[PDB]
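Input: one structure, supplied below.
Selected chains from the complex are presented in situ; the others are not included.
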Amino acid sequence: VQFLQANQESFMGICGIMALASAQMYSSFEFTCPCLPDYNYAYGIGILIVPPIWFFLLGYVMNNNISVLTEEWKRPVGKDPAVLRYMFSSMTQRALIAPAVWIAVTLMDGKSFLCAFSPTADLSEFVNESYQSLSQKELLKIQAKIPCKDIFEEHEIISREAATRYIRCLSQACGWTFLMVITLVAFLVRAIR
Amino acid sequence: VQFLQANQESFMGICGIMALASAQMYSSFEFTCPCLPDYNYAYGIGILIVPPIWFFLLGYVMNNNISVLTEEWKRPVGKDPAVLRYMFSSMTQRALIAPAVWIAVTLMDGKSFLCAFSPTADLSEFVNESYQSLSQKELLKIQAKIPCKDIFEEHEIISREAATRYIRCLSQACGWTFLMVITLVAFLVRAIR
Amino acid sequence: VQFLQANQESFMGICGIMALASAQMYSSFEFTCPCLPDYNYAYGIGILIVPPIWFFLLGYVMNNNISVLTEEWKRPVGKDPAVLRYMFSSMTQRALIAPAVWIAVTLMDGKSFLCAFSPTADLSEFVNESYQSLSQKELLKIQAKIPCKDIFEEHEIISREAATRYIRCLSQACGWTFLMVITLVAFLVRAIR
Amino acid sequence: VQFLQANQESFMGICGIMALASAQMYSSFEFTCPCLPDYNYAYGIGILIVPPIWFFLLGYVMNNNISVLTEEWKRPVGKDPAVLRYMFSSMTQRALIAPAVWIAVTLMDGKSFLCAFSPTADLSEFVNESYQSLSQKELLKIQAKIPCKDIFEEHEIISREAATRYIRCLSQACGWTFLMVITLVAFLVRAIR
């Protein structure tokens, strides 16, 4: 939370104020994995996918030049040819910021990955040597409870903390690759056009 | 609480100051489920319904142009035809902000859902296999105590934490659908009129 | 306490500065129920009643136009007829704010209700089935100790937490009804006069 | 401590800055009852009495018009008759603020009352039924240790927490009566002169 208060007053700005808004909203959001073999994937991917869509729509709405764009696109011939495209692309670029920040933040803190890819993941290195031959339905039901400290009661079968750290490392690697690709794309866009 | 201090000074504004007011008021509100089979639904739905109504009335009151609206609507013919409707609709739109923020915040933190829909919910996956045949009145009385950590003393029958996470996920899904529908409506309103 | 720091700088104001003053004073006030069958009601109703009276007097005192009102009311004929009534009613309205805030805050946090109406309340649903036939003097003395966690040592007779939550819900319902009635009255006053 | 930071910037002032100074000084003062039958009363009454005297002297000193008052009172005839009395009374009134704040704060938090009036108080309702006949010297020595959690080791004789709450309620009642009388006096002074 201190990171938001620090990065504040930097723009001082409406463009770079939704970024800290999304970051702080994630910081004050109670992630709760259902820890069920059926609804884990859905919940994880939903937390990963839906809030950025909503932030996109919100950034499109809060821009004071949607009215003019609608008025011009509505006429068969509006009062120029492509200053409209300019402000439209500027609006889209300004809007695309907060979704990227949300996705980066939720990837660096690998809760959604841990909640989503836990039941199906291949954890054969962490499963105990005694219970190394059992129905994968049992392993599904057990591994589903890994992101839940309070519900997991199968310490004699799978080390919970080892698998947690493994999947969190995977999630952080993915987040860093995402950040690098995004920054390269921004570099090309600013250096070409 | 840090989210409110961060989002402050953004408008700097009386319109976008009731939003943080309602958010902070929820943050500093001691939600207390009665954990009784009779008054759970009432308390949950009341916390969900009444404070937004009060915020609506308050936002209507704090606007300095209710006096002029009353004076004009009181005359059979006032000193124009529809600049009154304009300021009235502006007042209503400004007022409708804080109820939406309250409902969104109280849905993302699924306490009201957990308090309200716990006694009647169908929790057959979490009920123990031994006590899978008993009077639904007993299950009513037991499930009523799920939102109360201090009162629940039936660990041999129902896993409390699993059901809590389940209902909290449901509540968060509902909150996200609410936010998306609200944002789409705002988008249409700003893009048409 | 963060709510006061957030709502600060909003008026920026002497009128809307006693509200946060009373709220913060309640936040930093050590409520201590005597937990005796004789002095519970007195203490609860006193905490509910006296501080708003004091805030009323204080708001009357801190207004710089009591001297002029006294000087005019003292003369048999003062130097107009009813600009005095105007400033007097404005002073009274400005003063009536902080008592309302104090009463609302102390009702939402149902300590005074829990301290006051505990010894006399009808708690027959929470009393154990074994001790369901005993002198109501015994129940008086026992229920008096409900708001005190450190003094209550009768867990085999009455569930303390259940009764606490029950009475806190009642208090919050009363507080919400109070807020709604107050806001309706303010609405009528602003819309008529 | 948050109350001081909140009430700050309100005057923005040298008059209403010693009030928060005294309040904060009490907040950051380590009250330590000696818990001995001989020095309890002395310590309690001293903490109640001496700091307000010191604040009075300090408020008299920090006012830049003591030099002129001394120079005029020193002459047999000074260069008017009673503008001196005016500034003297203004200085005295400005000085009398911080002692009142200190006394109110130290009364609302009933430590000085608990430390002072504990050894001599009549606690016959809290003394156990077994030890209801013993030399009042023993009760003196025992009750002296009531404000000390770490020293009290006579739980089989007197309930410490009950007596603590009782005396704290008495102290808060006294503090509220003090505040009411002070505010009434200020009201009369402002409404008459």
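We just call them A, B, C and D in the order they show up, numbering each chain from 1.
Note that in this section contacts are C-beta pairs under 8 Å (C-beta built on N, C-alpha and C of every residue); 3 or more make two chains touch, one makes a residue touch a chain.
Asker: Hey, this file places 4 copies; any idea how many the whole complex holds?
Answerer: 7
Just so we're on the same page, only the chains that are shown with their structure count from here on.
Asker: Averaging over Cα atoms per chain, report the distance between chain A and chain D in Å.
Answerer: Each chain reduced to its C-alpha mean, chain A and chain D end up 56 Å apart.
Asker: Centroid from C-alpha atoms only, then distance chain B to chain C, rounded to Å. What do you get?
Answerer: 25
Asker: Among the residues of chain C, which are close enough to touch at least two other chains?
Answerer: Within chain C, the residues that touch at least two other chains are 5.
Asker: So that we know how the chains sit together, what is the shape of their touch graph: line, ring, star, complete or other?
Answerer: line
Asker: All pairs of touching chains?
Answerer: A-B, B-C, C-D
Asker: Under the stated contact criterion, what part of chain D meets chain C in this complex?
Answerer: 2-3, 5-7, 10, 108-109, 125, 159, 161-162, 165-166, 168-169, 172-173, 176, 179-180, 183-184, 186-187, 190-192
Asker: List the residues on chain A that touch chain B in their complex, please.
Answerer: 1, 4-5, 8, 17, 20-21, 24-25, 27-30, 32-36, 39, 43, 46, 50-51, 53-54, 57-58, 60-61, 66-67, 70, 148, 150-151
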